[PDB]
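Heads up, the thing below is written out as C-alpha cells.
Selected chains from the complex are presented in situ; the others are not included.
Lettered A and B in written order, each chain numbered from 1.
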C-alpha cells in the first residue's frame, strides 16, 4: 500500500488511472479554500461514462467528508466549486 | 474488488442482485438535488421480507451519509425524496 492524493481545481477534471491489477482507495475529500464562500461544492466521479455525486462540501458546514471508495478502473474527479480546490487523499493497493 | 454505484430516483425502487459468491458494499449515499428543498429524504433498504431505514438525508443539514453496509443477496433501495435523487456508491468484492 502507498499514499495517494490529488488536488482538483475549479473547472478541471482530474483523470486517475489505477495501475493494472491495482486499486485506488479514496478516503477523504477536503476543501482547500481560495476565497471565503458559502457555495455548495458538489463532488462528482465519472466511471465508464456514468457520473455520480459523491458528496457536497461547503466551507462553513461540510468542510470535509470521510469515504470508503474503491476504484479498479479509470475514473474522473470533478466538482462544482469556484472558490475552492478539493483535495482527495487515500492510497493505492493491489487488487 | 470493483467500483459500484447506482442513482435512485423518486418513487422508484432499485433492485440490486450481488453476483454469486460476491458482495455489494455500500459506502456512501449522497443527495443529487433537483430542486432546492428542506425535505427529509428517508432512505430504505428491503432485504427478504424486511424494510429498514438506513438514514435520513436533507439538502441543507444532511447531504450525505457514510456507511459500512454489506449485502450478500438481492436488495432494494428506495427513498422518500421528491426533489432529489440519491446516489449510492461502494464496491463489489468476493465472499
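Just so it is clear, a residue touches a chain if its C-beta (ideal position, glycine included) is under 8 Å from a C-beta of that chain, and two chains touch if they have at least 3 such contacts.
Of the identical chains making up the complex in this file, 2 are positioned in the shown model, whereas the full set numbers 5.
The rule is short, and it goes like this: only the chains that are shown with their structure count from here on.
In whole angstrom, the spacing between the mean C-alpha positions of chain A and chain B is 20. Remark: chain B residues 1-3, 5, 7, 25, 27-28, 30-32, 63-64, 66, 68, 87, 89-91 touch chain A in the complex.
Contacts from chain A toward chain B in the complex involve residues 23, 45, 47, 50, 52-56, 62, 65-73, 75, 95.
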